[PDB]
Amino acid sequence: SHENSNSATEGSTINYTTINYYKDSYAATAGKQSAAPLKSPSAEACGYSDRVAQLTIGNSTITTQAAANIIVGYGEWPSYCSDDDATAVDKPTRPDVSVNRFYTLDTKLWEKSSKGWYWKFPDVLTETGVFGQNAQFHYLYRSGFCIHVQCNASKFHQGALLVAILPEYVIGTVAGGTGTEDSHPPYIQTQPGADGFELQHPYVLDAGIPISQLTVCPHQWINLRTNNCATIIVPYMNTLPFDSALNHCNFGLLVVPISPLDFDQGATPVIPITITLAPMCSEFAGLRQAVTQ
Amino acid sequence: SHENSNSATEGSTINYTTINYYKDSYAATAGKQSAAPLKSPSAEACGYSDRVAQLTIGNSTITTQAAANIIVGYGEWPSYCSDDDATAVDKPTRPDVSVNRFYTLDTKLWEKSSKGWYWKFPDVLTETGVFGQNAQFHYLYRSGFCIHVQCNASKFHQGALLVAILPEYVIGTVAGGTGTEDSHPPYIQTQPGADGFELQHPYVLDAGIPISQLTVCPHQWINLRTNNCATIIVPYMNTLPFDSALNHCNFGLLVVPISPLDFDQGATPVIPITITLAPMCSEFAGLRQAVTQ
Amino acid sequence: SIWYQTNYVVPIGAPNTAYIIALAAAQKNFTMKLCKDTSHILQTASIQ
Amino acid sequence: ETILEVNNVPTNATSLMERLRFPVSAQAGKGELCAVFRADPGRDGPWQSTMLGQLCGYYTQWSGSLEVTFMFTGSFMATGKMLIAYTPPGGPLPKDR
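Chains as they are written, first to last, in the entry's author numbering: chain A, 12 to 45, 65 to 323; chain B, 12 to 45, 65 to 323; chain C, 195 to 242; chain D, 50 to 146.
Among these hints, one or two may not hold up.
[As the list claims (entries may be wrong)] In silico BS3-like pairs for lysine-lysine, Cα to Cα no more than 25 Å straight-line:
id	chain 1	residue 1	chain 2	residue 2
1	B	43	B	121
2	B	34	C	230
3	A	145	D	144
4	B	185	B	138
5	C	227	B	34
6	C	222	B	121
7	B	145	A	121
8	D	144	A	185
9	D	79	D	144
10	B	121	C	227
11	A	142	D	144
12	A	185	A	145
13	A	185	A	142
14	B	142	B	185
Hints are computed from structural coordinates only; laboratory data are not their basis.
The whole structure should be built from the sequences, with the hints applied where relevant.
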């Protein structure tokens, strides 16, 4: 009562017992603390099977295995911004059928020597559809995503893809190779658009972080013997309630072949990977003239 | 009970006593039949002063005389399409802040020899703003309008404008002058866009209908001694719940000087007429790729 | 319009070309009006 | 549901039965175009082969939604995805997916 409630943990659900001799709560000691979101839970695990019984959003419809094969990113469904979490006093627009629909980006071909690609969100959809037009016309943007990476192969084909969602996928460079150049990735590399960008070093994910630990991020496998597609339900993950859709990407979708594609000669050599994705609970605010970038 | 209820007056509020000897109600005789919208009512007359106390819609704000100087077209406020009146099973989008806002078109100059201009709706807004983008992207469109024609003049200037709303303002031609050519008006004349089109014969309104009876349509005067602006609240008037915004214009806004502009030399000769208009209760349906026309 | 989202992928031994049978219908909300003579087929000769 | 003759290209009597199905095959993976047709049941074209189309010839005005079912008739090993897009009126034939 006699102290300012201005610590970094006010508003949390954790009760902290602390020692403070000053006016401010942040001056106090760290003290004591008086399914699981991180394991890429399924829709059945999160109990969201009712919203998943038919993946039809807007005016689009995809078909896949239900519930168990629907990865909800961090166990949280996309939602509109709550009244307390939002800061902008302007009321947002909710098109909800012209922006919350499945958009099909491109048809990148999986090869035996394929290294992998990444797609930045919502950079992939900035110049596509009513969602793209709302992204250019509005300063503020907020949406979840339902990304459905599709890769059909016969039962004689083999291989696996780590279809993963890396939030705030900052791209690093080779720094001239020797590491003493301080180069920075260009706009076509940081924001490659709907066409995506092929990974130069998928082992370090072009950021100095191993792909072996990419599974701590929301992810799903496209092991060809088991499933032919991966559906990841990504919520809006940002330090802010809203953000610009043009100069900040909330997350990068990593589609990397961990197990290489392999088949004997006579089967179809064209094994394409299709990125179909739907914004969920899309919000736009701060309306002005449309700007591409 | 024994007759089909298939006359043209089923669903009306008028009880008709009729003589019928057949299975169908439309075979029956005309029979007997067992403020006022047409006089361009004000907002005070329609009792809509609460919605008019401050004309702020979306992110825009105009200033004028309230209630008494707000002409509600045909005594009906614009509204979303009711569940029974709509036929399209696709659910419409309601942006409601990015499309329901005042758009300022152009600054046509009133002259002493000025003849008048017309603006077709929503042709004026097909290539303007989020409303224009929704008009191109969606097959179906439905909106009312709040047109605020602004013409400021000093108290030493004189003149009047019949700012009027003519529903389904079909443009006729001179037919070669002699009347034996069957010419048809071009696209720049039928749909002149936000720039409008100057009237060639404002007496017959370029359609063979006198301007003296234009006041049966929703209208307001800009008699310069009394008011400097006219605000007309037009609802969606069509035979259909929805229509294309690109190849059908619901109404034409007629701004014609009935009393000519006149002033002595020394006052400002530039007396401009500004068209500021806001879609009201705008609905868009039938979403596809954006088409300009 | 029908577009290849990814591809038509077949292994060794499967045919490289398949076929799709489009079957068109109407929903329960479908309705009809103004019965008229059909013009999808026009017999111009007399039936003997 | 009646067979929609999307592939109404062949006219010869020996190839008339090919109208009921349309080919799908391995492409270059660039979102290639497979088949297009107008969504009008009463219009002259693919829809005339359907019972809905032939009955639509007997009625001037129609309303309601339409069901078009695409049945894949490849191998059980044959796999892939198609983007079947219905364009609302106003939009021309899309030049790309």
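Against the structure, the hints:
no.	hint	in the structure
1	B:43 / B:121	violated (41 Å)
2	B:34 / C:230	holds (20 Å)
3	A:145 / D:144	violated (30 Å)
4	B:185 / B:138	holds (20 Å)
5	C:227 / B:34	holds (18 Å)
6	C:222 / B:121	holds (18 Å)
7	B:145 / A:121	violated (42 Å)
8	D:144 / A:185	violated (33 Å)
9	D:79 / D:144	holds (12 Å)
10	B:121 / C:227	holds (24 Å)
11	A:142 / D:144	violated (31 Å)
12	A:185 / A:145	holds (22 Å)
13	A:185 / A:142	holds (16 Å)
14	B:142 / B:185	holds (16 Å)
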